Amino acid sequence: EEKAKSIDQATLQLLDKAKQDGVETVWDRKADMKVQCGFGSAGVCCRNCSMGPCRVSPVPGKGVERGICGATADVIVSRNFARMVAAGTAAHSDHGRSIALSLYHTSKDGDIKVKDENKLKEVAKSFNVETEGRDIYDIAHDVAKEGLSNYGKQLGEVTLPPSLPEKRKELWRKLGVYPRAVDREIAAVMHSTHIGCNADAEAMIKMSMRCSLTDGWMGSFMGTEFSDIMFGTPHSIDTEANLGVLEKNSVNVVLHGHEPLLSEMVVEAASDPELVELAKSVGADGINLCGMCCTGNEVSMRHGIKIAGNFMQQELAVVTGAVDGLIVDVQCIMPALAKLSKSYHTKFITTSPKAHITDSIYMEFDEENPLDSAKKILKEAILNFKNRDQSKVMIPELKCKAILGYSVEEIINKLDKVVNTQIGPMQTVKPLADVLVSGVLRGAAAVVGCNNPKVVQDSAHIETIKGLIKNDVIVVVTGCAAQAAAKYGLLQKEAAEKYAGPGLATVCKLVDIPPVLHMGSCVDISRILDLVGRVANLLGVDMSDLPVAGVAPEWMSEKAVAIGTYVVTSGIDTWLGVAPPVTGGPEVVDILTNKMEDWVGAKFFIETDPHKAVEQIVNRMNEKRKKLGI
Amino acid sequence: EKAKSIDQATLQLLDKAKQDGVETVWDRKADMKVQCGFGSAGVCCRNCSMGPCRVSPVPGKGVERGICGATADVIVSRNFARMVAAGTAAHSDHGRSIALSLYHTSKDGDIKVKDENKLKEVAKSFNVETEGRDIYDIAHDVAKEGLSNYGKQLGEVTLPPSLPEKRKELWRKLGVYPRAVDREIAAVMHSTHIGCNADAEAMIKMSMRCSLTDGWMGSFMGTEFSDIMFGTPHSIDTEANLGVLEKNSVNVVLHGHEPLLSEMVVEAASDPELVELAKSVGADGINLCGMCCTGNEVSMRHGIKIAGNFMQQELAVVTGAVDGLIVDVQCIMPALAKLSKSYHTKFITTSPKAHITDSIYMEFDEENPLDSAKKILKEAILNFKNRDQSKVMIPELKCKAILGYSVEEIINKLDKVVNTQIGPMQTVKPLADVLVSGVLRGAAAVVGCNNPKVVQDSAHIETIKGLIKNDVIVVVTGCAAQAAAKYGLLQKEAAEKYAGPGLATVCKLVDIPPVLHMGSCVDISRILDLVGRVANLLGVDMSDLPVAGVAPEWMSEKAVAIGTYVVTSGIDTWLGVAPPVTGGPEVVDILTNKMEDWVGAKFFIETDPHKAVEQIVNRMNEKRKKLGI
Ligand code: SF4
Ligand code: SF4
Ligand code: SF4
Ligand SMILES: [Ca+2]
Ligand SMILES: [Ca+2]
Ligand SMILES: [Ca+2]
Ligand SMILES: [Ca+2]
Ligand SMILES: [Cl-]
Ligand SMILES: [Cl-]
Ligand SMILES: [Cl-]
Ligand SMILES: [Cl-]
Ligand SMILES: [Cl-]
Ligand SMILES: [Cl-]
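In order, the protein sequences belong to chains C and B.
Residues 2 to 631 (the authors' numbering) are what the first sequence spells out, left to right.
Residues 3 to 631 (the authors' numbering) are what the second sequence spells out, left to right.
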């Protein structure tokens, strides 16, 4: 009768417990919202000044046509869209900015240090920083200074990655969307969306495209590249996923958020002899560290830390009654966790001055003394195990194995296994390019995205991934979408025979990989751009000429909008499972889902049905294959 | 039905607009009927696709939290902070463009260093050497240091000297000291994103830190660098209101905010070739008029007649005499594109930052600025040939006004009341003297745009008139200054007609009107400078002086950023239009109560201007008693 809440049995079990406990969840608050405002849902409501609030008609020819200022529905909708990109870009901007500042404070006998010297030497080449006969920390600081300039330089040209084809750069230049400093483009969009500024849908949407580029090729890239320098480049690693990872007799410390420095220090803190003994003093087996959302992906990729769950599972993790400490930093942390943690012994600890949540324990993460600060927070979670009500604990016995760490460096290393020593070249993406041109693999898709109560949890993610791998399309995943697959069991070597098509199953067996490749967090989507870029450069074509696609089956965050925008602007078609608020703007719908193709060689596709989406992705990929002659 | 405006010229053309069958901002306001109450109270959130969400502004009843679990106070505080971030961004790009122009100055170039003295003083603030060096070498170094304040990630930002050290340490202690301009905008846009900040007090403090990068930096730099290249304003005469348009002349109206284009269109209007072209088409000459901030910037430095303010822009086209309406960015109603189709007027858009569909687009080349301005102005001149003199109607109503009261000019004027054998010269001591003596009960700043929720110019005039009667010297900027220019308060004659005993006496001695026009809103930085200078001269903080700010009819997000930095700077601010904060009880308490305990000043929302004037006078007397003056 009522639509299912989720496809995961562990999620469905804890949802029943939440009802019996009397607590409210995101699914319950969705029902409370009832019918959602159509004006806001169509994007035709404007609040960019105090002359309104204005609400024009989404159906042209009837109702109120213009806003008080004169803005038409297309103007209102295009500005509303722009601001989402600018907000999404800002979330990834501060993320990478913080990583770069950490790189600037690295020392040989310090809490934060350079782990991957080889990666730093390569990154230093792109930023024009010398490496010959110099201290790795002196290079790291000069690189950090050059990287930080990309955020607010007002003169000169910005440094872009080598994987970005020159054809794509020239296309942006001629279109007028070449990126500038990161914070500069955010201000540019915010200024033009102000009352009495831009009133042209095409120009506004182009401003968002320019802004979104500073996220994917600058904010996220540097965030990913510098994280690999300081914490290590990820490689194929095993781990367990789903809420079944929590242990009843151990202290459970769940890390949620996005910033990787705090989670890297809580991992090291879990290995301090004093803290391991304090856990035993309280009556625990040990310290069971778990992750959720990006911060969890960033730790499972590098240290194989177990994943508790994705975005909409964050409330149900507390409902298990086994989370002693829930340490959060920034982004995608539902404020409900403060009210929910009151009904349990769980301690909700906020650490970033960027994300303060009312009625929550606030323990600021001292970046000057990071390891000491991490130990102080972890100690509080350990001591809280004393207040655990073991009789009311209920951790569903449902976990799944998964393989991740599939960075571009790791994928290239694995592809070397299928290269002949006497013929083929080494450490290049050629094996992947060869399989795509031949036609063994119909194409390569990137399923990324969040969880939305408008879609059954994980339903569209699994249906979409399944359908693509069945049609010989290798799938790469990141963020909550990657976790959704890890929970189902698609991130396993044995998933190739079970779900992959004829060609993909052959490639999986030869290269020895699962049919779905976990490439990391949403910031790690820059690795997908890097991979697709290398394939394009190796074949001497632009990214728009390859049979590639991006999918966001379930998405909410303004970050997903910026991600989609920079993916389409980079030349990769993107399918959206959740419809953005553009319905009321006919010109905006035409631009996003049609005219855009003429500007960047790619377009948006809105499809809520995942079965129809895979049909469209395959047909579109084939169209691009026929044009290229492959 | 309520009156649409108090100005007779405006009411006359509103009748013509009806007869011509054209739409105006007032018509579209009526069409919006009962505007939404969730958006009005600020309890509607669209920061993620899980929404839209709408909680109840009335605690206890209706939906309590959003889908993510965000309470009303969070939703309201995030919505308020985004208004500040947007307002700050608008001024940021304005000043940034000015700093880039300062970096491209040349001895034999279109953009030059007109005020060398000001640049030398500004160089001291940025720690740039000014001894035995080319003025353009100093200008480029000052421009580079100014540009750093927009995106420096390491080190501290440079703030102007007028800012008291007490105020700086107070911001530091509160955690709202300013970082780079664009960096702070990113910080607000980030913390407002789903799953980030969910504390009203923290969010409102983040917005205050962001707003400070607008007043003491972008707006301050924008004003300072503009005075260097285009000249520092001094007392000048001009005429205001739509009566300034001439039926037998080429009427070129400059609307917008950017000053470089306007400055170049003025220089272009003197090109012999363009002067003769105006004669070839059969005109008396080139009648240059301005509107909104851009019109203020040109009227402050060149006395260019002011056609009107924000809600009069459509009515300027309705006269049927505007041959060319050249625009750039900020507050250029998009309605002008459709409205211009009913008349011969050529609506020209010149900025890639503000493209408007169905408008003639002539990009203003910043590499060849004078040649670019000449090419745009030529199109406006040639359009005179397409005028239909039978459908023209310019109200025979204009007003004389005096403006150009920069801090330098106010000080220069105050030196005439200083004995050659006692007080120092070029200081604000005479103004602090009258304020401490009690002759001037205080000093209020009336700034702001125009909103259909309020009768056009009604609150501006009633507030200004009421403050000057109660011996409170009034300083004005933007549409509020233009409103006063049209009424006739920016005249020396207005002191005897509308000012109190003390203020009328001071006006007679200093030889000034009772209301001083200090420029555009980027020129509100002059108000901060002036108040800051008085605070430093008296060895106190800005929150200790009997000063206040008023926004009787605001609407722009810039106005929210202005108000926020004015309160954060220590000056109490009154709002004539209620912002979208009603639905957040904690947010209301923070802005209108706890803020006083954080920065020594708070917000006051009052729609009735007569009540607002009483509240301002009482609050000033309260601060005077605490100081013993
Ligand atoms: S503010 Fe807009 S989106 Fe929100 S409830 Fe009102 S009309 Fe709908
Ligand atoms: S900018 Fe225009 S559409 Fe938006 S609230 Fe203001 S008058 Fe209405
Ligand atoms: S921020 Fe919260 S209340 Fe707003 S749309 Fe998102 S989930 Fe809903
Ligand atoms: Ca890079
Ligand atoms: Ca393995
Ligand atoms: Ca701490
Ligand atoms: Ca100065
Ligand atoms: Cl390669
Ligand atoms: Cl009327
Ligand atoms: Cl019209
Ligand atoms: Cl006409
Ligand atoms: Cl002084
Ligand atoms: Cl009157």
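Keep in mind the hints are simulated off the structure, nothing from the lab.
Please note: incorrect hints may appear among the correct ones.
Said to hold, decoys possible - Using 16 Å as the maximum straight-line C-alpha spacing, the simulated EDC-like pairs for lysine to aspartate or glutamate come out as follows:
{"no.": "1", "chain 1": "C", "residue 1": "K35", "chain 2": "B", "residue 2": "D599"}
{"no.": "2", "chain 1": "B", "residue 1": "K400", "chain 2": "B", "residue 2": "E241"}
{"no.": "3", "chain 1": "C", "residue 1": "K31", "chain 2": "C", "residue 2": "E66"}
{"no.": "4", "chain 1": "B", "residue 1": "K31", "chain 2": "C", "residue 2": "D273"}
{"no.": "5", "chain 1": "B", "residue 1": "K340", "chain 2": "C", "residue 2": "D543"}
{"no.": "6", "chain 1": "C", "residue 1": "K376", "chain 2": "C", "residue 2": "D543"}
{"no.": "7", "chain 1": "C", "residue 1": "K63", "chain 2": "B", "residue 2": "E498"}
{"no.": "8", "chain 1": "B", "residue 1": "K625", "chain 2": "B", "residue 2": "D599"}
{"no.": "9", "chain 1": "C", "residue 1": "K343", "chain 2": "C", "residue 2": "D610"}
{"no.": "10", "chain 1": "B", "residue 1": "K35", "chain 2": "C", "residue 2": "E3"}
{"no.": "11", "chain 1": "C", "residue 1": "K340", "chain 2": "B", "residue 2": "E275"}
{"no.": "12", "chain 1": "C", "residue 1": "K168", "chain 2": "C", "residue 2": "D610"}
{"no.": "13", "chain 1": "C", "residue 1": "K31", "chain 2": "B", "residue 2": "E398"}
{"no.": "14", "chain 1": "B", "residue 1": "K63", "chain 2": "C", "residue 2": "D33"}
{"no.": "15", "chain 1": "C", "residue 1": "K455", "chain 2": "C", "residue 2": "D273"}
Said to hold, decoys possible - Selected chain C positions facing chain B (in silico; Cβ < 7 Å):
{"no.": "16", "residue": "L16"}
{"no.": "17", "residue": "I69"}
{"no.": "18", "residue": "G134"}
{"no.": "19", "residue": "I137"}
{"no.": "20", "residue": "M335"}
{"no.": "21", "residue": "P336"}
{"no.": "22", "residue": "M557"}
For each residue, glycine too, the CB sits at the ideal point set by N, CA and C.
Going through the hints against the structure:
no. : hint            : in the structure
1   : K35/C x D599/B  : violated (41 Å)
2   : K400/B x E241/B : holds (6 Å)
3   : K31/C x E66/C   : violated (31 Å)
4   : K31/B x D273/C  : violated (66 Å)
5   : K340/B x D543/C : violated (41 Å)
6   : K376/C x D543/C : violated (48 Å)
7   : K63/C x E498/B  : violated (55 Å)
8   : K625/B x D599/B : holds (14 Å)
9   : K343/C x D610/C : violated (38 Å)
10  : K35/B x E3/C    : violated (38 Å)
11  : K340/C x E275/B : violated (73 Å)
12  : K168/C x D610/C : violated (34 Å)
13  : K31/C x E398/B  : violated (60 Å)
14  : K63/B x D33/C   : holds (13 Å)
15  : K455/C x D273/C : violated (44 Å)
16  : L16             : violated (16 Å)
17  : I69             : holds (5 Å)
18  : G134            : violated (26 Å)
19  : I137            : violated (20 Å)
20  : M335            : holds (5 Å)
21  : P336            : holds (4 Å)
22  : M557            : holds (4 Å)
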